[PDB]
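Heads up, this is only part of the complex; the chains shown haven't been moved.
Chains here go by letter, A and B, matching the order in which they are written, and residues are numbered from 1 within each.
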Amino acid sequence: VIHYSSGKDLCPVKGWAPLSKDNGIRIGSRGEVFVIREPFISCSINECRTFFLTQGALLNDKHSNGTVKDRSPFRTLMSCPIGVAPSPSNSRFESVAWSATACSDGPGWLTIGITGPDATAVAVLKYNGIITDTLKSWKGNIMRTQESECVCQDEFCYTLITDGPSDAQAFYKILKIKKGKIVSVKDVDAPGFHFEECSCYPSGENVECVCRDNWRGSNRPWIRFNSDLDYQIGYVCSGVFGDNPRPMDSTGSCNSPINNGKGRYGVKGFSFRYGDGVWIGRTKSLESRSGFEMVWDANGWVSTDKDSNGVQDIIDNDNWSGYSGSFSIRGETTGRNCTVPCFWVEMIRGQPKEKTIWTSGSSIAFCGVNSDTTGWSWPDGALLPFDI
Amino acid sequence: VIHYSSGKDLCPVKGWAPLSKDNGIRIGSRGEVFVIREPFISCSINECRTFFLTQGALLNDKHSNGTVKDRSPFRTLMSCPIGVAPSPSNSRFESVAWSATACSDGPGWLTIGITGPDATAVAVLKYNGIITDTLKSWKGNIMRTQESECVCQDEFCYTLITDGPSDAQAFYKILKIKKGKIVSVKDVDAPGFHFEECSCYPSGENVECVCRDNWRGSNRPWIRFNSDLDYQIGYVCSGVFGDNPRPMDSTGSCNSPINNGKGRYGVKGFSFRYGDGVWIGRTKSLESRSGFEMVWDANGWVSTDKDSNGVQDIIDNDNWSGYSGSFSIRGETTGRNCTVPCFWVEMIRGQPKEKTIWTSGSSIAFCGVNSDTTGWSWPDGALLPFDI
């Protein structure tokens, strides 16, 4: 009934409480579940949904052969309430795409599915199901967006789309949609920044996004912008390196990509800035995508220290992990006066790691809570391989 | 809450954006999906549904043996939201029939399922589930309707039903239903016109329908009628032949069926008239039903030229295609002031082409959008045959 308003700070967060695990892949052992990847959560006022880029096939099937590759005319974005296995039975259709992002402005959903050829892909802006606008690749190299939730404030929604090479320098645009209508955009001038798959969240008029450098950064690049899109960038000061792969935590930088041989690649991640401090979600292995923890250098957003301030384990480094996102839960839903930060973790299974013919993922998600919390490990839990 | 009103022109269309693909058949590889064929989309104010003539069985089953033939006491029309696999779980029942058409007048659905013996079939008019009227075959040779969406304007809905031989001359009626009540009908006087499986859409008081000549036309027959049903017919002037099979594009006619040896048969198709121009959806092969593109002779509706004005590829001619429809999205849904034309393509799989014991189809759908667009190929994607 009412729109998500602006001007609200990320509530106090002492520990992450488990919101929901979905055993997607475990149920797919013998159930009718979609082969997935690239999942992420997003809430509106009443319903919180899990979105995902379907490989257009179900687990334990001959059509799941090769689900290791991203992009195909088959890849389709779809939603489902949190915690439930994403099956053709509860899965609602959202868009045709192999990369995308969706958010809500409160009472309605915005869906940005980017499908089409590598050479000249197209974003398709849908609002509550209806196509409302489009955007075509401008640099001609895999236009691609967040692969996570976008943020909306006062009728207006924001996101970020990259387009360039994975190799080195690419190009970045900030959109400002309103009812699915692209009402403006700015070309970000970030020399030496590889920006892509951003994990955003609103923070008082502003919109803060921590993303990934898949060019030469072992730390994360960030970007905070206006209602008009006047930006501000750099990387996360902290030495508790978030990317992956990443080197042993050294002294970090706050404006350049810390290479250290490992920077060269990366994986989607998030982070919440709390003043001078910042909560950092990161994998435990430094070479592979396994395990997952939520750090806490309180000097983190401004200091290059490597000294952290406390860790809550989420997945021991004995199990697999993957894409880490970061949606938010507004104060229109919560009787509260501050936005609640929450995050979900994708546990990838199958290739290129495990000896299977398929590659999909599971998921879990925790929230803010300024109460008590315990750590652990809530992995996928699939006994692999399958009836392959 | 409000009725679909009349007097609205097909919005400006620069390129077709992908609305939704459903991997129906791919999910049926191991999922619980209905063996289908004859699908088509249709929207109302809130929900857009996909309708289809079920073979009364599920894919990869012994009861899917022979799904190649149309018509049976088993064939049943059913709906489901767009993009989702049409399974016994999300599929809603609509009518008993092996041919039909359904539309909305805005707040409610109209369903016309025609079932019964070849010799004396019956149409059954249901409105929001309730039987409201009926119509029996009058010429005694497979009464059959659109096999696509019908159009409604100002409480009143319109459709077209054929009844005659596939061989040559058949007979055609224009209905005018209101709340499922057949409030009038006209016998179309079209000497030398094989009219059937019409793809309609509203265009300002009027109702334009491009159909198929399965008698001796390699081009498409059309028909525009009133609120009172005073019609106007002929074929599409353009030389960019729409039927299939069809001969190489020669100089076309605008009132007679261009035979050229191939005319003899055909397949359902659509087309949107934009003044002197017209958007033409057609298969790439000329002998088989494979591939699919959306043409654009701007002189097309009035000129017999074969010179076209631009092509957006939808399915390379390397994959299968099939029935091509053409629903519309009114301006009551879209805040806009003009109806948005959209179309769906059926990709048929199995017989009579492929070495299987079954025959079903998948689907995709794109919309207007006066923005940018890219072409490609979004085929079914089923690795055939099956566990047959």
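Throughout what follows, a residue touches a chain if its C-beta (ideal position, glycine included) is under 8 Å from a C-beta of that chain, and two chains touch if they have at least 3 such contacts.
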| item | value |
| --- | --- |
| Number of copies constituting the complete assembly, 2 shown | 4 |
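One rule holds in what follows: only the chains that are shown with their structure count from here on.
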| item | value |
| --- | --- |
| Chain A on chain B, rotation in degrees - Cα superposition, rounded to nearest 5 | 90 |
| Centre distance in Å when chain A and chain B are each reduced to the mean of their C-alpha atoms | 40 |
| Partner chain B, residues of chain A touching it in the complex | 32, 54, 56-58, 60-63, 73-74, 76, 78, 88-89, 91-96, 115-117, 120-122, 124, 129-131, 133-137, 179 |
| Parts of chain B lying in touch with chain A, wherever the complex brings them together | 17-23, 26-27, 29-33, 48, 81-85, 87, 89-90, 329, 333-335, 364, 367-369, 371-374, 376-379, 381-383 |
